[PDB]
Amino acid sequence: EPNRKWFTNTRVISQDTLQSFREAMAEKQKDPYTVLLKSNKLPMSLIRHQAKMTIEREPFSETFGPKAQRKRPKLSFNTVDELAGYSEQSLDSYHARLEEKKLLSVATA
Amino acid sequence: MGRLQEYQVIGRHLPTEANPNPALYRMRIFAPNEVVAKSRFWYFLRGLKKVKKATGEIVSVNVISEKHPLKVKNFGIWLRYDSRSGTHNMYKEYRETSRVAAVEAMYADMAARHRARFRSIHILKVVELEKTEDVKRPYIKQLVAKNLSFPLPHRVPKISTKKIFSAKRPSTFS
Amino acid sequence: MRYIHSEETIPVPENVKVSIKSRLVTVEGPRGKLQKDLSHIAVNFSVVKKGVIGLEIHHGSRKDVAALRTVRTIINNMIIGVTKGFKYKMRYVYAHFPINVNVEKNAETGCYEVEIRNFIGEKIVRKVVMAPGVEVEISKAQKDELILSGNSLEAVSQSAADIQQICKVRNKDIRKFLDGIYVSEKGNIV
Amino acid sequence: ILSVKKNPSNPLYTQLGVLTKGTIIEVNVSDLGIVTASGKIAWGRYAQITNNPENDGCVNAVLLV
Amino acid sequence: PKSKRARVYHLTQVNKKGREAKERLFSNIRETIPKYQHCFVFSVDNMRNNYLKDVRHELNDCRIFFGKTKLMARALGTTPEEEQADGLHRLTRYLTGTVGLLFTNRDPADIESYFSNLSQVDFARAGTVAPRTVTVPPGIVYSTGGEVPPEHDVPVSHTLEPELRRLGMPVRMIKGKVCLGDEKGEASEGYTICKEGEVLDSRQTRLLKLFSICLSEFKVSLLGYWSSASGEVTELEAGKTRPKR
RNA sequence: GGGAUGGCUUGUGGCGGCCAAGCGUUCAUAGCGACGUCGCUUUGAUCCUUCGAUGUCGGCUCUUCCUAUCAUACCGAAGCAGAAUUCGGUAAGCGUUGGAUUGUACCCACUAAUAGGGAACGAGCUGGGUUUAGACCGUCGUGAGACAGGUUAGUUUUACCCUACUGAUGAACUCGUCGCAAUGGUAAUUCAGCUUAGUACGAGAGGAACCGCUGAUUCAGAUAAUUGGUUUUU
RNA sequence: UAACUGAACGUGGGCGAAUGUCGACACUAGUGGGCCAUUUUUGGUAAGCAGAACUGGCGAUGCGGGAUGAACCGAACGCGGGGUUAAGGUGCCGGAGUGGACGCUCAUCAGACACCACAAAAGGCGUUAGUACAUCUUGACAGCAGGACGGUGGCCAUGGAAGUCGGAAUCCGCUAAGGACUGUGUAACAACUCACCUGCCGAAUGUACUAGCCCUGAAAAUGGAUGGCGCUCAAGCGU
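Protein chains in written order, with this note's numbering: chain W, 390 to 498; chain R, 3 to 176; chain A, 5 to 194; chain S, 952 to 1016; chain L, 12 to 256.
Honestly, the hints are just simulated from the structure, not real lab data.
Careful: at least some of the hints might be erroneous.
What the hints assert, rightly or not - Below, simulated SDA-like cross-link-like pairs (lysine to any residue); rule was C-alpha separation at most 20 Å, straight line:
no.	chain 1	residue 1	chain 2	residue 2
1	R	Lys73	R	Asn149
2	R	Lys138	R	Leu81
3	L	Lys206	A	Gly191
4	L	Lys15	A	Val69
5	L	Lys15	A	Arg66
6	L	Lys64	L	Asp97
7	L	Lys195	A	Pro15
8	A	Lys67	L	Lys13
9	L	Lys251	L	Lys15
10	A	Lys67	R	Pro140
11	A	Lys54	A	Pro15
12	A	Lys147	L	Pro181
13	L	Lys188	A	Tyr98
All chains, full assembly: derive it from the sequences and hints.
And the structure:
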């Protein structure tokens, strides 16, 4: 049956009350030996993109392919000296990781 | 639709005190007999005017015979027929010797080619093409050609169906 | 629609003899004589004019009218075969293994035979038996070329197609392997 | 979903909280920024289920604004 | 009639002209008549007709029409009852085949002298007679096909090799070079494109155009001219020889 | 005492909003709408989120059918160089295995491949659903007992009948010998090695194929010279 | 009723549409919330479907035809003879036409009992008949032989980008006509080609719809079904 109360807000709360409730409830979660009383009647519902940006700025078609317009690579170095340092530390990290994996006929099931 | 005849059917509304002399309406109807002719008259008249059989009368029914049935003529038939889509026009032409023969050939041809029955074909106009350049369809433009002489290849001879066995193989050249 | 009469015409040169008997056409000229049975198509032949063959169909449909063009082109091709002849020049190319083509005349069957060896290093010997009337010649003017000559266009072209289709690269990239025998030129002998 | 307000077939179905077509549910609309005339957050609003969840595997609803 | 050729719709900007182009041609021809003293009829038969732009540029004060022959004839007026000016129906008898109109105010002697000494070497079209024998030498195929010495010629482009094979030259692709026979010019004879005193077909003329060999000439031949003052048509030398209708 | 949906189904979501060929529509200018599109349902991560048996399936042996093709045969396309493939098409001729795990369906290996179904699930044998009578524990009940349940042990036992199948005889036509073939069945299968050839192809790493030859897998039909097995040759 | 002024009931007298042709008791039953079908009405569903009202049939029922059959069509039944039909049929099984006229269709399991589903505004370079619009001797569609140009390598961008890797604009001249370009192609050019125009030719075409028949529009599992053979100017489809 049509009724006016279908199109009204059913639960409302103010800014300061919501903030105080959240702060007090967070302080209650800080203690694991303190539990609520009548938790079923409490408003617990109130308590409880880099990839997208890169794809938006540069599409896959403009990156690589027959219609690609990409011409300038994205680098982590600026001049030749930091390029040499980057290569040196990259080789050192690669060798260290390989030694770590080495330290860490098929096998039986 | 059977051996058809053409009928002049004149009918009118029944005279009342308001209208002592009602208008007379005349139609040319291709029907097998006079009962069907008057029925088609009342159907077409109900389709056009405020006259029906209970409020009107049939003044005259006369058979319209062809003036020259021995003269080969070309006829143009303009017609409307009902399909599952709706009403459609066709103009067709038939080389016959009379209007009733042309209409019978039209009914057979429309039944064969578009599966349209007598109930769903309206004959709007049947005319005689008095000159040769009035012929438009190629299948009669090829018949009105000058010096039309053709053979009849592969004529199966007319052999009686009760004579089961023949002693020689028939020829198809006569 | 059934068309009452439809006609085609074939001009005939002076050196050609055409004999038609129960839709069996026999065309004889300077180079030779060919025969073809056209009894599967309903057509009436006549002599409309001197040196003119007339083909006519009566009370035929559009398909029956259109078949006369095929009959006309077939008889014209027979006339061109007995007057000028037909010649297909084919070239066989190779990348690494030289393709060896030998041509001989099997006299017992009266027909030419072509043997193909070393096609992409294969040890098999491919053999193509010609249709009778087709003569095979290894061309001396150009390099790695066969010449097929004859009076029958169908026989010469079918022999050429057999030579193309017996040398097909299998299970390889056709962009990379371009070996084979291909029909380079089609034309008349005279 | 906060609660099931009315299942039109049977009050027992509403007591059991059954989500079928035409069921009025109460949803937390805190993520839509519906606000009262003075600044109070409207965090509960009715909505109607407009699909068949038992045949669709999901609950689709329309707000009763 | 289900079995029919699929009519290809063209996704290009330029459309069919139609009747409006013919009406525009009628208006242009019928408006250039009362401004120029002489109207010449010229003929360019079996010619490429691509130097007409240079002719139009060189004769800036002249007006040249090179439309349809029957359209130009009906624009000038075929019968004396429909002619725009007197004597134009006499001029319309020369408009057959590939012809053109030249409206001018210059001296007819000057026009005849200019179209006499005007001559540019041009590629031959199909139907012309070959003036000499052209043969591509065996070996590496160059751009001119032996017209210039081979030491001063770039090799022909590798993309033209399928076109040469389709046009009948038995060339082949060796090491990115289009070669006739072998790389060192062995095991093959030269390819004779044309023989002297032989009617050129489209295949031979296209081969000569690819090899940039010109075996013809571009000659404009004046047939006659109508003068507005005298109201008469003076017939020139080529007009007697060329058929009239 | 009475019983024991079906020319159904398959490959592509819902809700809500735009766009739109079109269908309608001219005294109302509304309404449906294919094709699409848009919102909700981790920078190759995490392994610290497995979400309820009322409905029951398996296994052995053996035969046949379907194709909705895993492999073998052939073919078309793809940066498909070669090698290895991927996608698709015709095709059921021929194959499609051996095991582990019951604190209760997935792993491992061989292999060319370990494709999916029907004829049951709209009185052959054998393990669970599954449950007569004995007994125990858990839950419920004052109780007899019942069950949210868990465990143990536990009676159906033809064929000589007709048909079908598999084989074996057979009257009538004197007996016998040698034959013909209508019809019915039908059979082969896959892999490896030598040569081609370390060749074609390739920057290198690598690395084919046709013809030819020799074995092997599975199936089938025989056979007992030899080798094992069998011994009432008592 | 102011009143033989009216109201009933009697006395006496005079004088009606068509078509077809029973009532009351007594006694005794069986069945009285069954099935199917047309039409109408009310609710819905993804689709099925669920209700009522009248009528007809069946349970109780044979016969002819639907190959066969509870619900269909015709027609209801004593025992026989002769004649004629209904529904349905006439190539053979099967009694009766390889009957007549005009057309359509060729299906790699057509169709001959369809309407329902598949299923859609569905896909067909199958074949006929039409409707609308357009071109055409001032030469239509298709072809063949040629042109297809200049500013200009337009602007930005790019290592390079010149119509043809990209973004935005997309004008003018010479025109008979030619896009700041339709594809092939080059590292970029070049080159070829398309749109468009002219020359040869010779008379009818092009586009989109509509209506018929045909193909596909989804199928499992023993070997089989317009009833069977078989049928192709039908022994199929429409009149």
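- Output the numbers, in ascending order, of every earlier hint that fails for this structure. The structure conflicts with hints 6, 7 and 9, although it agrees with all the remaining ones.
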